[PDB]
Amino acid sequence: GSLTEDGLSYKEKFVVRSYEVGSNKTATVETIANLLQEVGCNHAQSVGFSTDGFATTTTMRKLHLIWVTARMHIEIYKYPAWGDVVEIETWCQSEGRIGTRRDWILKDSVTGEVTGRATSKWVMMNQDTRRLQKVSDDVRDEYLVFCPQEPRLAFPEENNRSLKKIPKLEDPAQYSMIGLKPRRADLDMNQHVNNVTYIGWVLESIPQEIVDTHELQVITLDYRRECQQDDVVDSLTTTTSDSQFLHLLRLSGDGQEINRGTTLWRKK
């Protein structure tokens, strides 16, 4: 892993592991998402951000602020096979006072061909009160020294999938997976549920026949509220159509929304 020549992006290579692949002998979308998180953490560490689970700046630590994901959007053209080397390039950009964006490009190391891309929106939050905040001018200055000044987007197209509004699934759902609970392997070093665990929970309500005959092309996921270590989740899915689905994760009891999303699947 290393910062590129100009120091405004980071690259890292990964050899796809035996336990990281699904029935097709290629990396799962959850393996891909963990690799994106890993290269994001290595980029933050390389530019001097805190190494205590929260990649905060000096001003964020002074005001007890943390970055939290609001949206994850991933598009895969080719999933790497077991033993293949995938190269991932990541960079960050400020989006005024709204928040920040982290983008990724995935490539086949042998051919140099782009096999996937991802983008994520992050918002400022006070870690004590859990109240969302706008980005201050001081933290905007700290981010600017490590981000490209001219816009660089993994998804540049005007009016693209990564920016589409997601509706709320209405009961009854076509499919559901009930009583999903996180175990210790689903938590991060700060004992919060890993962002990738939610992708797995969304996918749990897709019928096995869809997973067996189709490959996942796009996933867009909104994060609304965190699932606590002792919470229980229900994963709901309805076909909206290629095959397209609308998704909802909500707490098992009162039905409080935690995530909403969409997936696009191509026939194998």
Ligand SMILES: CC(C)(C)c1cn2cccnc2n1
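For clarity, a rigid core is taken as the largest C-alpha set superposing within 1.5 Å between two forms. Numbering follows the first chain given and starts at 1. Residues that one form lacks are left out of the comparison. Compared with the form solved in complex with the ligand:
Taking the core as reference between these two forms, the lone member of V211, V68, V218, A55 whose Cα moves by 2 Å or more is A55. Taking the core as fixed, the only part between these two forms where three or more residues in a row have CA shifts of 2 Å or more is 53-55.
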Given for the second form:
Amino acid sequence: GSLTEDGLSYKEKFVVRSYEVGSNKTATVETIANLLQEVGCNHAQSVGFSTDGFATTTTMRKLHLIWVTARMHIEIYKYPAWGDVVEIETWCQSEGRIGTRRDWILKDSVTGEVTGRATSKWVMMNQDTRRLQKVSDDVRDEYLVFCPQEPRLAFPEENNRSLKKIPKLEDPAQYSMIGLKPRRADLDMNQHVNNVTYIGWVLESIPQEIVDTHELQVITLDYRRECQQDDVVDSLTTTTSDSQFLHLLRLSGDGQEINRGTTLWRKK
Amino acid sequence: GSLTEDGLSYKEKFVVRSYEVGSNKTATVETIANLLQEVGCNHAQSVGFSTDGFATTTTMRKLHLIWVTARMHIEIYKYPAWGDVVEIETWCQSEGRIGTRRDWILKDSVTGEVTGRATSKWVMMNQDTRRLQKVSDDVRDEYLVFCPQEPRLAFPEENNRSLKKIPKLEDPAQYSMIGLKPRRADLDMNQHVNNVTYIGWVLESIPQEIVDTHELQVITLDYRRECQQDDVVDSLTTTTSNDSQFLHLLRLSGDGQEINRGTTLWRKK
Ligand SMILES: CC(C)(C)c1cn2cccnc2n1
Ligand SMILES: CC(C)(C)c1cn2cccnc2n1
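Please supply the coordinates for the form solved in complex with the ligand, as a counterpart to the form solved without the ligand shown previously.
Zooming out: every chain and molecule, the one shown earlier first.
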């Protein structure tokens, strides 16, 4: 792992592990999601940001402010197989006072070809009250120095899947996985549920026959609210179509919305 | 990752990842368990065994036989922190017609000190009928060549914790975590539940206050039956004890069929 010559992006190589693959012997979409966040943490550590908080500036800690994921978008062309080396390059960019955006390019270490790409949208929030608030000028000066000033987008294309408004799934759902609880392995170092568990919980309502005959090409996920340690989640799916699905994660009780998203699958 | 000079053991170094640690910022016991199985797979791959199954010889595939975990024993002195490099050395040894044993030594890459150690007991079984059998002579000649012939035990000691008979938890249990289902992330490449998920499911019945004030020093787990994708598990715990001991039991939430039993030992922080 290391920063590029300009110190404006970071690269890391990962060997795919035995327990990180599914039935095809290729990395799962949660393994990829985990590698994206690990290379993101390493990029922030390599530019001065200390442990406890992810990329929280000196002003952010003083004011009890954290960066939170609002959206995650992932497109995979080829899933690296068990034993293969995947090289991921990541960088962060400012989007004015709306928030910040972090992008990734997944490549095959042997061929040099792009096998996948991802984009995430982060917003600033008070860790205690959970209130959003715009990006303050004083905090911008602190992190802008680590970001390229010119646009560098993993998803440049006019009208692409990463910015499309996601609708709310209507009842009754076509498919469903009810009673999902997180365990200690689903929690991060700060005792919150890691954003990767939501990806897995969304995919639990996808029927096994679709998973066996298709490969996940695209996934877009909107994070609305966090699931607490003692909360139970219900996963709902409906085919909207390649196969497309509209997804919805909600609390098993009150029916409070925690996540919404879409997936696109290709026939093998 | 590479075999030692004699080709009778294997070593690999691992950097501890951000998502692999708990509240203390040190690797969880499931992260360690995962690293032990990964270095075990890499050792078998480096000595000729194909990707298909784990260490299944040419005769084993012909007769639809596989190696299955019967017992797992793990002792941790220091949990490596996020960013630290942990070096693990592993090897396999025969235990006559009973089956095989695989051992591991966890070390700090910087200090060279032993920070942990583990031992597992494997038995031979038919893939389809699920019936156990002794290790055949023909099968033994095929894998004995990769094992040191002299004893090499991670847990040598006269009466150590790795061989102690585990009792069955009596009802009512003191603590419990009900309704545990595996998800796709809990399954391996062959669609079975990973043996590491059982470790996590056992620890779900341990109260949060014990986890917050103590560190897991020892864990012994006996694998009796596998949990299917559509099975629901119940985790039961009872304190049996400065150190805290617990008796554990995993069973199917329906019929109450026993799938796992074990013990843990925790020391105060
Ligand atoms: C490039 C640095 C490390 C300043 C940064 C800040 N970020 C906020 C949210 C997401 N990624 C981020 N990366
Ligand atoms: C050293 C080799 C690759 C022969 C081997 C066989 N095993 C059976 C059970 C557990 N580990 C094992 N390793």
